[PDB]
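Here you get one chain, nothing else, as structure tokens; it is the form solved without the ligand.
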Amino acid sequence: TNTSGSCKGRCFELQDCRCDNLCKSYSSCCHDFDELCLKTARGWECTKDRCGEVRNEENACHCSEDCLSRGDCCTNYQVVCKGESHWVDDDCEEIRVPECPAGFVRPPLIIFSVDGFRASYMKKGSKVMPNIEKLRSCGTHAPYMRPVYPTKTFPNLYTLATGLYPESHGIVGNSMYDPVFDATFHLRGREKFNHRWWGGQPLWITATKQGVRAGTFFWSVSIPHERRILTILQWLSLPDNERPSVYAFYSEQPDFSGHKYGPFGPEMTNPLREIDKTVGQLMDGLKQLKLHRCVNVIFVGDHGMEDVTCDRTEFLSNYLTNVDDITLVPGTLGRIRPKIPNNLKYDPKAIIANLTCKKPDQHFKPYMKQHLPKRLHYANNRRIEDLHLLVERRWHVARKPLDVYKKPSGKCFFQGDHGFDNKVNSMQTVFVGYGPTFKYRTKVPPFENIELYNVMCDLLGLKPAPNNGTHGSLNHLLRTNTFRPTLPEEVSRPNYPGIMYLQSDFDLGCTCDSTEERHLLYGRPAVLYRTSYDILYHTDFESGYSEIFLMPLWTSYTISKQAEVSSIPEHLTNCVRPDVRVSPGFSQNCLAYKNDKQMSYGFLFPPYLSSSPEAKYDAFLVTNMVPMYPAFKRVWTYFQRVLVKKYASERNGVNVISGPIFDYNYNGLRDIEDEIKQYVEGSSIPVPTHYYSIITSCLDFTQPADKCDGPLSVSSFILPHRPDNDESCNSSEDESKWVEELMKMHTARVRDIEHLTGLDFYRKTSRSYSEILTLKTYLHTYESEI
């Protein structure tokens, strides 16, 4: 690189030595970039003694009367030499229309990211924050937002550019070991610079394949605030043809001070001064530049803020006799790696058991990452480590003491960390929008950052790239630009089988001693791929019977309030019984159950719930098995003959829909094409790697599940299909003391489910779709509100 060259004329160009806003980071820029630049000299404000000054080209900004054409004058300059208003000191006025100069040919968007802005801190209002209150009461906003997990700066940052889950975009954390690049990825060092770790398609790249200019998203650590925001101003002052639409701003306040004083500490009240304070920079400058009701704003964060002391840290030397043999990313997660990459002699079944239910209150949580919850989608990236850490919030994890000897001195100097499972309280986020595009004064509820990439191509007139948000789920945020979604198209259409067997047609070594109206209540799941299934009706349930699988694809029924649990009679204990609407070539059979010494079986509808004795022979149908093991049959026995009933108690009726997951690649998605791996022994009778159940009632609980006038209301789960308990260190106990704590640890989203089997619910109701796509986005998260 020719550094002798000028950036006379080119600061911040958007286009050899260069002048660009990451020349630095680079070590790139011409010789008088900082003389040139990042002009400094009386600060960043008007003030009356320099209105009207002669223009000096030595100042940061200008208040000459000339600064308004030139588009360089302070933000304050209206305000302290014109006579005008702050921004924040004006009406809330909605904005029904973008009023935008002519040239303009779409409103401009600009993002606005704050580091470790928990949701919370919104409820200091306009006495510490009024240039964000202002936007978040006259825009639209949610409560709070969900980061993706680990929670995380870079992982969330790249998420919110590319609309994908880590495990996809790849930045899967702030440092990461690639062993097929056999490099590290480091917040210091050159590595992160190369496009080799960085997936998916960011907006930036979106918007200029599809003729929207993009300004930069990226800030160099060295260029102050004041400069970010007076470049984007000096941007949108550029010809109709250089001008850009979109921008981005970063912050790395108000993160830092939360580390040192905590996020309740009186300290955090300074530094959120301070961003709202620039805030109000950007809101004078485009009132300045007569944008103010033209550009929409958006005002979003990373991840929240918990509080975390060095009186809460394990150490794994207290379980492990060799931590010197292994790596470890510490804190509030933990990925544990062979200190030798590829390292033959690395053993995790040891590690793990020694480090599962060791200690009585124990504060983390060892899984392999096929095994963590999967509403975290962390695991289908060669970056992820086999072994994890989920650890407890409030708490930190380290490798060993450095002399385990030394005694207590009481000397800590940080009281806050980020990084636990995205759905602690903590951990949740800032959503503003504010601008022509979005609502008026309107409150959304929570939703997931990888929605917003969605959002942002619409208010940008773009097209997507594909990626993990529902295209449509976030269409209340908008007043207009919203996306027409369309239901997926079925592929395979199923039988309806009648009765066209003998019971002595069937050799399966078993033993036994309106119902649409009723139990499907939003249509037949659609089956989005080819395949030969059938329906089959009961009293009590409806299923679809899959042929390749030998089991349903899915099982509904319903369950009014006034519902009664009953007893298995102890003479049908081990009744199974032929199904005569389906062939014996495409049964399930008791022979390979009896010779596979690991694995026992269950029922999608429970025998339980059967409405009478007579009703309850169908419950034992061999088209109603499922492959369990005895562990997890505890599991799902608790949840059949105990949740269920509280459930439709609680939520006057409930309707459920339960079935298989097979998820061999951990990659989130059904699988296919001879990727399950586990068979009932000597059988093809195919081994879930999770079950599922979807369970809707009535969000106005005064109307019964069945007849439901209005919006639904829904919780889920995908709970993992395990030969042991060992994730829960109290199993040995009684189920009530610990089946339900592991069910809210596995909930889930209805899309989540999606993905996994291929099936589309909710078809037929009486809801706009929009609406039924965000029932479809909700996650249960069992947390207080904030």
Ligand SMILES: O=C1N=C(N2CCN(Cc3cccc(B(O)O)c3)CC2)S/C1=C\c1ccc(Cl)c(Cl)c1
Given for the second form:
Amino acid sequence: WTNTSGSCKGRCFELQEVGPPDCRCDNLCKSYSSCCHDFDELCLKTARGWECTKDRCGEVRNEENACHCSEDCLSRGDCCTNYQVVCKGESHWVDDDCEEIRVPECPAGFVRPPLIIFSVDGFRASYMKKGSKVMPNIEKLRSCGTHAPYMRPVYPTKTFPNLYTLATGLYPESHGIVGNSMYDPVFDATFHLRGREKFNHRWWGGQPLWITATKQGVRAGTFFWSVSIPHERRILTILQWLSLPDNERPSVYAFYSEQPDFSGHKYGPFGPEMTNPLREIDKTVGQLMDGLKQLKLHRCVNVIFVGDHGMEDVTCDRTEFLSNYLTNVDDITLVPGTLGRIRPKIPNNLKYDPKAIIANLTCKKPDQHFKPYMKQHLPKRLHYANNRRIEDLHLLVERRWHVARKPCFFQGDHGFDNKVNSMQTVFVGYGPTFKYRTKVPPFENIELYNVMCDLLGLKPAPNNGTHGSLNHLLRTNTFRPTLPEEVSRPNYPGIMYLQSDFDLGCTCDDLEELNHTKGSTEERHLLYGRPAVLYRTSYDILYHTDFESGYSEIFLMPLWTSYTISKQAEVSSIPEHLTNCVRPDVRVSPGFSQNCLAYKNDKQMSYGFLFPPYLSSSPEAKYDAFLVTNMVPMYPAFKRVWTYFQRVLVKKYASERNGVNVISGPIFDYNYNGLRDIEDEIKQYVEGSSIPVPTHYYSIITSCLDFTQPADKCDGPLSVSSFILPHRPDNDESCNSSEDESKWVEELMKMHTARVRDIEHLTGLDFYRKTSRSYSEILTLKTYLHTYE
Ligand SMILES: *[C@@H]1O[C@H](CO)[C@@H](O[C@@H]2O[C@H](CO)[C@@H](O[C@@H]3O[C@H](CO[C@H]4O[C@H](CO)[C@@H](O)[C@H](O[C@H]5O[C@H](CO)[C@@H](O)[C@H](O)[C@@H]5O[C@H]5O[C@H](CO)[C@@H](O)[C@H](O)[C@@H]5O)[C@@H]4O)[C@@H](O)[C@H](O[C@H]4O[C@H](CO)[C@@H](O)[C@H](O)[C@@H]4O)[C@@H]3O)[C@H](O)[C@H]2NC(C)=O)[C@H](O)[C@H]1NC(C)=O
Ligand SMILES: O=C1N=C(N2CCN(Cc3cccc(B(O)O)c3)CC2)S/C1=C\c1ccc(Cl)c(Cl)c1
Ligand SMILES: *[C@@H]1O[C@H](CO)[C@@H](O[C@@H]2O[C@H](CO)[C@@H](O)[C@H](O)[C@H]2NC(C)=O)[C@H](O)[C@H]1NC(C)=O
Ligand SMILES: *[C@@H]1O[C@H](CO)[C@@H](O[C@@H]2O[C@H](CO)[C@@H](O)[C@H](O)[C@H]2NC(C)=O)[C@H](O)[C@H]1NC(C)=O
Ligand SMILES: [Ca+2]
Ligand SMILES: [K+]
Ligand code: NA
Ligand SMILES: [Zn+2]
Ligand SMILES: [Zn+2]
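Taking the form solved without the ligand as the starting point, write out the structure of the form solved in complex with the ligand.
Once more the chain from above appears, this time first in line as the rest of the complex follows.
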């Protein structure tokens, strides 16, 4: 209970941690209705607006006013932000030339540059193109500071998952805010964005920046603001806190605005009405910068200008209805709109039949504007599966569309797949620790927490960023990354077995003495060093004319297979006599090998090869491609994809990129946590055998960023694209799979694009250990996602 008759005199926006039964005066008190009865009158002053006028200059200080233009206001830290411009002939910050801030220029008493995060809801990255004509203050931040052309949000591209991701460095599946709306079947409770439950700490996981700071002795200003507090007052409050005594002044601050999200929803991203809210936001930025300048802090503070997600054209006319596909929609609950999550209306309703539902939702309309997924089948890049709050049944919705349960005041919405262009949002960093007039490649918002930690001298809590991947944003305070230690060293087996030692049921139509040393194989096909294996296991390096692999004696297949294809390389067919050829590998024990019998017995499982026979350098070398140690279990459905990739696409990539280096391999993630499975977690084997079945297959495709140089002779920076393809028994995901592979396979692969870093989590491997590049630059390379947009 709150004793409300207390007073907010000399307590306005206190940073005091205060609870029941006492009165509160902080920026969240209204959200709990726990404000002292005089909070409004004392703390939310609105008198005479937010700007000094010439007639107010030198006024006698009236404490009734929202802000002051009195002679004393500067020391008391409560001038209106334009005070000096109007009364002291100063210029607005925006009208001053940009000057590089080489070191922090802070008043005495400041020990480190403060950090202010200026967050804007629904600020689509392409809004920046409007420039200084519309947003002159923001355009100055952007061009003088450090900027990305866009920042990638997390999926779902809505507010609560994205804000909490910014604050923690964690994917939603990890921090627990997997949506604006959620149901937790263990709590048997519903989370609503507005409502009582969301204030319960039990929903929120990980460790947000304000906690990380506090726990390490760095004071934070309160990040959240009760919605009724006007933006002008939020700014004045931040400024006032910045004028506090040395022993009270916070080091980190956050502002937030619900715009331009609100107007975007009403009028759509390209609506003419969007100009006004954007001007209004810019004005708030100008107030902050003018205020910092008055305080002599405009070359002292680091400012981050950042959004949670973008905004797409979405209207009532573009709504799919589940009732068009399903008979009894009143028995399910749907989280609707720009994504779909389905559960039975009655929790744990036994008659709930998700397989039948999915079947009715699969490719039933030629123009179908969503696609059903069991969550473990969603593209791995979304990292959206490992949480009890994420329904098994998901609908990825096509950009510009809505899905609803059954049968216009809006023109815009967001929430779609986070690689969609309209969903991209903004990042600008300005201040002494940031670079001057520097553009950086787009990056994911999960990376920001580490950097904000660096900016504040903090040690980040465990998170999903890759610390160091954003060192190129910063002048100083960079984080020196260290290469992870190899845990398992490889063996280099020679000939140790006789063809007669082998009894695998394999057959092949193969001079005796002419029947594999290192030589130049490493330098030709393994360009960036061997991957390091970061877990305890047993594996062998195997060399070949056309490829190298790190073969696992535990999982009975390569962990990685590496090869280079030159621009001019030739694609050849598999000779008729070799169609079913599998050859034992005398370097490897028959006990550590697969066998062809298990495949003959398994009516549903077939096999493929990691190095493709189609790209062998010679008919002789081609026999290497048929080694049992190059073999992997593949469903016939998957083989349609894999053979098309191997036979047609790799060559196409080599032609287009002036050669390519390829690293392919298996991934096991049966528990859908995005992490390499341990042995006990694998759930499927080839029939009657111990050959484990991968849940996915990866490929990492590298070339020279300077495409004029061949991939194998690259001097400088690298270019990479990767995928993690789901290993599935059907092509139900591809609505056009009945057609030739030229009509559907690349579309599937594009959806399952991935970062090398994603593959590293899933494999326990560490790539690119041996290059001519800095480790930070390599970290940047590993977090790159090729999006095809
Ligand atoms: C992204 O980055 C994050 C952060 O680094 C990674 O997530 C971590 O993954 C590790 C490895 O699996 C987890 O380690 C296990 O830790 C548990 C106990 O952890 C508890 O304490 C820690 C520390 O305070 C908390 O962070 C944990 O919070 C989780 O659970 C609470 C419970 O409500 C929840 O509110 C949070 O949202 C969060 O949930 C998320 O993770 C859990 C799994 O832990 C998952 O169920 C949920 O859906 C969310 O994803 C938690 O309170 C410990 O028991 C385990 O021990 C195991 O190994 C040891 C070996 O010594 C064995 O002895 C033991 O028997 C177990 O086998 C693990 O150590 C860690 O919890 C988790 N951290 C967080 C915050 O999620 C991701 O993996 C990264 N993602 C990718 C793809 O790289
Ligand atoms: O003062 C604040 N008010 C916040 N609100 C209140 C207003 N909300 C508007 C809203 C509500 C429901 C859905 C959306 B949407 O666009 O998906 C937006 C969003 C949550 S967050 C916030 C401060 C904040 C919170 C987290 C971070 Cl990381 C930072 Cl930098 C700042
Ligand atoms: C609720 O708040 C008011 C103000 O703090 C408290 O009123 C005071 O109570 C003390 C003790 O009874 C008196 O000596 C003062 O004269 C009161 N001050 C004023 C200005 O009213 C009241 O006690 C609180 N109620 C509680 C504690 O439940
Ligand atoms: C899947 O779609 C079919 C229609 O294609 C639904 O089948 C109908 O179901 C009702 C009641 O079960 C029958 O009276 C109709 O005759 C059926 N139509 C046809 C053409 O078979 C089926 O109900 C749907 N399944 C789900 C889970 O919604
Ligand atoms: Ca796993
Ligand atoms: K078979
Ligand atoms: Na299909
Ligand atoms: Zn938002
Ligand atoms: Zn919104």
